[PDB]
Amino acid sequence: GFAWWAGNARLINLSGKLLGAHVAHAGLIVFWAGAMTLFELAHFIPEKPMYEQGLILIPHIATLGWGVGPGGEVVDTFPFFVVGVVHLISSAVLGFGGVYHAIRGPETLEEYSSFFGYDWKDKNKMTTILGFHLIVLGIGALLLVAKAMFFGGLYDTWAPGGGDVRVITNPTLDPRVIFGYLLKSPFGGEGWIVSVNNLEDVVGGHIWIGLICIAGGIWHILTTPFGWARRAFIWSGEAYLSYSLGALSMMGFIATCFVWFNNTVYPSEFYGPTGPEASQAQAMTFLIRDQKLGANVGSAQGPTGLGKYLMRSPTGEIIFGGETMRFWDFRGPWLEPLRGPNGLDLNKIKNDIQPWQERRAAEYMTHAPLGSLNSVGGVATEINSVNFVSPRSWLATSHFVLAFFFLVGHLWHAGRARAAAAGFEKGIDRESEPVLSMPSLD
Amino acid sequence: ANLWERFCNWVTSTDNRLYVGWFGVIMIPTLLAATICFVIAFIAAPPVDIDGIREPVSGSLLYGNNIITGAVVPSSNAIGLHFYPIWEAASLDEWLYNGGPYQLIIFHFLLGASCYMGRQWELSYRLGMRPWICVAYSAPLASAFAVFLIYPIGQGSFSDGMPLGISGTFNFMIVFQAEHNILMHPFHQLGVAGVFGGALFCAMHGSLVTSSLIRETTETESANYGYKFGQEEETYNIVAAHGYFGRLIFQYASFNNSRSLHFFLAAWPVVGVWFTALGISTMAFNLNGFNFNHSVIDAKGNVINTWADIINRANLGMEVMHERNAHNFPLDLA
Amino acid sequence: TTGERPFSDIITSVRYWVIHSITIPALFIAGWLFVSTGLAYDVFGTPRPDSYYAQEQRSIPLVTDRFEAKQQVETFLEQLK
Amino acid sequence: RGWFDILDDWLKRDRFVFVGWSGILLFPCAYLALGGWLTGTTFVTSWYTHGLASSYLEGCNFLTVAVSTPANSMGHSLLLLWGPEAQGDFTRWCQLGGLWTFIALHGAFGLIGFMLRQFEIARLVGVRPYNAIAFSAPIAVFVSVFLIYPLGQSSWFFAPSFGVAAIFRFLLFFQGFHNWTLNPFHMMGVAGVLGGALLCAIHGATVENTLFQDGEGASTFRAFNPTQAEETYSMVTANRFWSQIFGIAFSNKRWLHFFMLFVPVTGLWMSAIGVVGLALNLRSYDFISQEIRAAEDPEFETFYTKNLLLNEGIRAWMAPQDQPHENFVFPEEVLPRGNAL
Amino acid sequence: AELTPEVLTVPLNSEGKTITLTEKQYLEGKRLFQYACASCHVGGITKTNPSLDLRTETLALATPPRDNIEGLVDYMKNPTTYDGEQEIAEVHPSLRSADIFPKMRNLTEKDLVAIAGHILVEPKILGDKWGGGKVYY
Amino acid sequence: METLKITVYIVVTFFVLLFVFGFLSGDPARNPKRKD
Amino acid sequence: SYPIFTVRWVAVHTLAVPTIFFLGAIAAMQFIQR
Ligand code: CLA
Ligand code: CLA
Ligand code: CLA
Ligand code: CLA
Ligand code: CLA
Ligand code: HEC
Ligand SMILES: CC1=C(/C=C/C(C)=C/C=C/C(C)=C/C=C/C=C(C)/C=C/C=C(C)/C=C/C2=C(C)CCCC2(C)C)C(C)(C)CCC1
Ligand SMILES: CC1=C(/C=C/C(C)=C/C=C/C(C)=C/C=C/C=C(C)/C=C/C=C(C)/C=C/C2=C(C)CCCC2(C)C)C(C)(C)CCC1
Ligand SMILES: CC1=C(/C=C/C(C)=C/C=C/C(C)=C/C=C/C=C(C)/C=C/C=C(C)/C=C/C2=C(C)CCCC2(C)C)C(C)(C)CCC1
Ligand code: OEY
Ligand SMILES: [Cl-]
Ligand SMILES: [Cl-]
Ligand SMILES: [Fe+2]
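Chains as they are written, first to last, in my numbering: chain A, 1 to 442; chain B, 1 to 334; chain C, 1 to 81; chain D, 1 to 341; chain E, 1 to 137; chain F, 1 to 36; chain G, 1 to 34.
Keep in mind that the hints were calculated from the coordinates and are not lab data. Among these hints, one or two may not hold up.
To be verified - Away from chain B, derived, C-beta distances all over 12 Å, residues of chain D:
no., residue
1, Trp47
2, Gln87
3, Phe90
4, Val127
5, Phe135
6, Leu151
7, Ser155
8, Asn209
9, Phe246
10, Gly267
11, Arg283
12, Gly338
Stated by the list, open to error - Calculated cross-link-like contacts (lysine to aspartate or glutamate; reagent style EDC-like; alpha-carbon spacing at most 20 Å):
no., chain 1, residue 1, chain 2, residue 2
13, E, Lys103, A, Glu358
14, E, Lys103, A, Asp76
15, B, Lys300, E, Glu28
16, F, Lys35, A, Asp76
17, E, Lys47, A, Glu52
18, E, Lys129, C, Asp65
19, F, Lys35, A, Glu52
20, E, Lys129, E, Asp83
Beta carbons: idealized from backbone N, C-alpha and C, even for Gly.
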């Protein structure tokens, strides 16, 4: 009994029409991935970094090792085109199947096939569909593995020489490293899974995950829910929808922080420097300049009595001074050469900084992820001129927003599911008001 | 009658003057802990080196503060986003200098407040109610998450989360405008619309119902005694109220359905506060308000100032003065 | 219910769209011309892009007198002639 | 059957927009206050009063467009068209800020008209006039911020200019010069506005989740009837819910709805009083005990002292541009600045 | 006021020859300046070394002098320190260094004129604001 | 300090498992209309 | 049998007429160049 504004809830128990909704919507996702890439490519200019150009999809492709050389220098734009065209083309096939199943195909499936038809309350059929999709996920995760090891490798920002595409011959299988990440603290200096800083660990984790997903995929095909599971859950289409909104929301917050902190699977060559990275780069820049003028940067006492360029962290490591003392957990390929075991190494600072390192720091400092909604780069008090907002800010903010609403959607549908399963989603029975049969609190 | 089943029945009982519930099991301890730490700190904590520059800021009453100026100061910039429980300090004295109380208070409050929201779902289930009062509360809870957690994550430091005091609050919102031009951000503008709108509709609805109370009393008694708790009949005349407000404006701009009207009252401030909490959360990643500094120039290319450029002159004065000893390099990138 | 003719019926009607398919572009064109012709600048006193400042001047022509105010702005304008 | 009652009759007929005796004041003035703001934001500059561009015609957008206040030189002049300042010339009038007083005065009189309208309609329909009383809260704010506050000051120049960013500048002005956030009459305003918004959300959400099931379908809206005597949500289940979540809850529907009137109305009234103080520079700017200690004790720092540094930054950095008529010239060396920035 | 020949007239070399840009060249150079330079030089400052700016009176005192087209176009080819004593193509975008500053690649010789044109005309319109910093925003 | 840390870990874990097992004990069935 | 010219008519055209006109002027304005 649903309004026009909740009309999609009229598809709960129309399995055939609901298949088309999902496949027509799957087409929309592929369409955008296709058209967007074509759009980004149509506007690409190779002379300019990707992050001066508002690109978010091309950075994902270059990260897999297509179209880029050492440095991130774009070498061949044909793989970007091929990804766009194939995605765009595949969306008509899904579009076609979506409209057919929404409008002309059987409204319901369970009369046409006992295989494709389902009842939400069939706990066995539902876990079987879960199992199928788990294998597909496991397959896909191994695809990334397969690319890294057998079909070209991946862009490795850590490679000696500026970064380069590199085949991964020794994925990390040691479970104490792989599952160690899952128990690292999410706080500073630790970073939970966000701190992964090498492709061996990335590739290895996807071997594990693809195995696990196939493992469980088979599990759920072969099993039915145990009794303790049967009694703790609500078994209904809305209930499963809510469960999933919860997980997507959680995943979305994770991605938000991944693109904001991680400079390995979001290499800075492509995406721009991280907040912390740009902040560290400014300290590098003025250390370099002032040293050239003859300042002794180990010994220069700043206004506060803390070192003007270099101080200690609370655990003693030598770090950049100023406000960026907060960012001392930062690690990047342009900085690690300067680090010894006590932190930044004063003899390397006086002797070993390279032009390429100066250059990187000047660039990242002047490309920090600060920017206005209308794409004026810099602090909010900055004048018009530089048309720049970091891909990391566009990606970080959009996914906080989406993550946030899907948690509302989780609370929205979780609670509705609990109430409709108990029978009071529509309001309170006047003749049987629970509270009027309870004793008064006082 | 088994010992666990009987515990479960007390926890979830609809008969406790205050409902507990499974959510209440986390909430009670974490809120009692955040509360007790806060009360002690506000009164007696020594000064805290918030900005990590060995310049401690006095926040409590016994150190020369009043109700307006006192605060539990945020933890040292030197800590940034590191976890800093008591057991990581060499001593309570260290923990107090570096601002440990703030971390303890905010984490426990965020948790217990999260469980508060869920507790609202829970009791609604146990009483046969509809479930979504908690969706309404998530707008303020999301606001508290943005200024105590999200904003520090994106700026890299809890030293930049909102202080727990009245003047510290204003300090946080002054620096915020200098760094983000938040007044010129459309999500703060929707917050103002949510919040002004909410006060307007509160007064409207309150005055429309009050205007149409049905006569049940004499001049010498409160009109309030015309309603008796649990009476079945409505206590005002909704078509007389719709009759007046339709004519004050025009017919179709006025509700005659009390369900739509009350749903509207809930949706307007909730949605607007979601946005303005999203505004703080996305400005945490420095996607700032509109910047029209020097967007207007003449045929020669002189700058012709607007009100935006005046705003910016004041943002500049906030910028150059805040945390006056803490910056060694020319741009405040965080 | 007040006896006027309902809106949903006026703007599905042929007659309505027969008048207003004329009156609405006439107004849009009328106001356009108010700008494109320059009259809006003149009616209102608003400086054109070339006449905020005198050529080598970087002074706002700020009104500083109450009862000589009219003549003040007039003098600034002749400083642009 | 005299003419006066013939007109009474026609004014008070039931029509799509009711007119009334109050219409006579209300409608001309409301249309003119609004015609002037749209007229001025689309076409008119602030070059000669403020040194600012301020219309779409000049290049501004909807955020930066404003009808700006007259020059400080104008003082509190009514700035009538036919008056000694504009001397009948429409063009000069606009360039002097004439439309600011135009909007503000027709605005004031229109608000009167509106409130008299609420009195007029309520008398005819036979309801109590509490909507009209609530409307005093907006009226007090308007008269205190737009009329009383500059009348206390040197001139109209220092009132709010009618525009989005211009009003944003006014909010920052009051922080740097008046330290308005520290004023307890503003704090009572904040607790009333936010309290209102709280009350608004929480009462709408309670009703929506204590509804009776009076229809069969999942859209609960259909199941209300405007004429039903029966209440549509359970005050009993609402009261028990909040007593157990929050400890206290409403039990009296009349007190509840009267409290929704009381809370936001009163907060606006308290802030009106505060701004009246500020007309006169009677600020709650400082705490004397704090200043004596900090003067004598350079290790003594609070958020109270930090915020005044910021206020000091705002005053010196915005004043020359914001008050052009003062010819403030602040060479760089005198500007307050922290390290590096 | 408007963009007239006088303001569009700038020195070509130190001898004191002059050249008069077209409006078109002025907008061309402003554009190229935002594309290749403003990330460090917005408003005529230098964000990564604020001691050195693009005020004409600073350029005049550079070694070699740089308050003219020839000097500016040379600098975009082979930049030096302010005293002239070391070439710095390695850390400053230049044609001599366009391998490592990829934006400087598609700049033609006339492109360099327009860029140098802008730098010299802008101080004449904005005055103190050009290279002044936030104090003059 | 090390003693406090253990204490807190213990106290927390306790309430957490109270929570996980509280909801694993037939929570859908704790409602006033329909129980399973 | 309705009227064409009412109070309502006037109110409507009192706002609408100058709206469209104003939209015309603001449209033209996007093409103004310095
Ligand atoms: C996988 C995601 C997902 C899915 C499948 C559903 C599915 C459903 N939802 Mg849930 N929902 C979700 C996420 C999801 N939701 C999220 C994230 C939220 C939080 C906001 C909600 C909140 C929500 C509420 C409050 C309600 C539902 C309802 C419903 C049902 C009917 C919906 C309908 O017909 O809407 C039809 C769609 C519309 C009416 C259009 C809405 C358009 C949005 C608000 C505007 C977005 C504009 C965009 C951001 C920018 C525009 C750009 C411009 C150019 C246009 C259906 C089962 C209803 C329900 O309970 O039924 C059982 C209901 O009342 N949903
Ligand atoms: C992702 C978006 C999405 C999707 C996929 C669907 C899908 C669906 N909706 Mg929902 N809906 C949506 C958004 C969506 N809706 C929104 C945003 C609203 C709020 C306005 C609603 C409100 C709504 C209501 C109120 C109802 C539905 C219903 C339905 C189903 C039956 C439709 C039908 O027979 O129409 C027939 C429609 C037509 C004959 C018109 C043409 C439609 C086609 C698909 C246009 C496609 C154009 C495209 C470019 C062609 C590509 C072709 C190429 C691939 C070969 C269908 C599965 C109905 C339902 O459940 O039925 C029982 C129903 O009652 N929808
Ligand atoms: C998850 C998506 C999905 C699901 C569950 C279904 C399910 C169904 N479809 Mg639909 N359909 C889909 C997608 C889907 N289809 C798409 C994408 C299209 C357009 C290409 C269609 C077009 C379509 C038509 C035209 C018809 C159906 C029909 C049917 C029913 C019978 C199918 C049958 O016997 O095939 C049995 C199995 C096969 C024929 C094997 C196909 C082999 C596939 C192509 C290889 C799979 C590879 C991999 C998984 C795909 C990903 C590749 C990509 C990543 C590059 C069944 C309920 C029929 C029906 O109900 O008629 C009344 C019918 O006539 N479908
Ligand atoms: C899409 C993924 C997915 C989904 C939706 C399900 C869904 C389900 N699984 Mg399957 N499963 C999956 C993947 C999935 N599974 C995979 C890949 C595997 C292989 C390992 C399994 C293996 C598996 C087994 C062996 C069993 C299930 C069971 C179940 C059911 C009980 C769920 C339950 O109580 O969990 C809720 C979770 C708990 C009660 C305890 C979790 C405690 C952890 C520590 C919470 C951590 C959250 C934390 C905040 C985030 C940080 C993570 C931390 C590790 C750092 C349910 C139908 C059970 C069942 O009935 O099977 C028939 C069962 O016994 N699953
Ligand atoms: C009807 C409501 C109304 C109200 C209350 C106002 C109020 C105002 N208008 Mg607005 N105005 C209105 C309608 C209204 N206007 C209309 C319809 C128009 C368009 C024509 C305007 C156009 C307009 C402009 C253009 C301006 C104003 C201005 C003003 C202000 C100055 C008024 C003044 O000095 O009057 C003084 C005069 C009276 C109050 C008249 C009193 C009538 C006496 C008692 C009768 C005398 C009879 C006679 C002597 C006897 C016979 C003599 C014999 C020769 C026959 C004031 C706030 C000015 C303003 O805003 O400046 C900032 C201004 O410049 N008004
Ligand atoms: C940051 C990455 C920069 C970019 C991009 C551009 N310039 Fe620059 N410039 C930069 C620095 C650090 C310096 C100082 C060099 C030193 O002496 O140590 C400079 C210097 C100049 C100068 C000299 C100004 C002077 O006062 O003598 C000029 C004229 C100049 N740079 C011009 C210029 C142009 C035209 C650019 C775009 C094409 C450009 N620079 C880019 C930093 C950076
Ligand atoms: C059901 C429904 C719905 C939905 C629907 C959908 C959403 C659909 C989809 C659709 C889709 C999903 C579609 C797509 C398709 C695609 C296509 C059709 C494509 C095309 C292609 C082409 C043709 C290509 C070409 C090219 C190439 C090849 C190369 C380059 C160039 C170019 C690009 C040109 C709605 C909501 C409406 C409503 C209700 C109902
Ligand atoms: C790939 C990769 C990797 C890996 C990773 C992994 C391996 C992961 C895992 C993960 C996982 C393994 C996860 C887990 C999850 C879980 C969860 C998330 C859960 C949840 C739960 C819940 C939700 C609950 C609920 C409940 C309760 C509590 C009570 C009763 C009732 C219920 C049931 C409702 C790495 C890092 C190396 C690197 C990179 C890549
Ligand atoms: C002043 C004056 C006067 C008067 C005047 C007037 C009265 C005016 C009017 C005017 C007006 C009356 C105008 C109007 C206009 C307006 C406009 C300008 C509009 C626009 C709008 C828009 C643009 C919108 C849109 C939209 C959006 C944006 C979003 C949402 C949706 C929509 C679609 C709505 C006189 C003569 C007495 C004389 C004296 C002076
Ligand atoms: O805004 Mn200005 O930016 Ca965020 O950090 Mn850099 O300075 Mn300091 O610590 Mn608190 O405050
Ligand atoms: Cl500060
Ligand atoms: Cl610093
Ligand atoms: Fe109510």
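Each hint tested on the structure:
no.: 1; hint: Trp47; verdict: violated (8 Å)
no.: 2; hint: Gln87; verdict: holds (28 Å)
no.: 3; hint: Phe90; verdict: holds (24 Å)
no.: 4; hint: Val127; verdict: violated (5 Å)
no.: 5; hint: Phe135; verdict: violated (8 Å)
no.: 6; hint: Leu151; verdict: holds (23 Å)
no.: 7; hint: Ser155; verdict: holds (17 Å)
no.: 8; hint: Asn209; verdict: violated (4 Å)
no.: 9; hint: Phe246; verdict: violated (9 Å)
no.: 10; hint: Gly267; verdict: violated (8 Å)
no.: 11; hint: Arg283; verdict: holds (14 Å)
no.: 12; hint: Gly338; verdict: violated (3 Å)
no.: 13; hint: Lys103(E) with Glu358(A); verdict: holds (18 Å)
no.: 14; hint: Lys103(E) with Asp76(A); verdict: holds (18 Å)
no.: 15; hint: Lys300(B) with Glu28(E); verdict: holds (15 Å)
no.: 16; hint: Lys35(F) with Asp76(A); verdict: violated (64 Å)
no.: 17; hint: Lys47(E) with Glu52(A); verdict: holds (18 Å)
no.: 18; hint: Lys129(E) with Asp65(C); verdict: violated (30 Å)
no.: 19; hint: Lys35(F) with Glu52(A); verdict: violated (59 Å)
no.: 20; hint: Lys129(E) with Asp83(E); verdict: violated (25 Å)
Violated hints for the displayed structure, listed by number in ascending order: 1, 4, 5, 8, 9, 10, 12, 16, 18, 19, 20.
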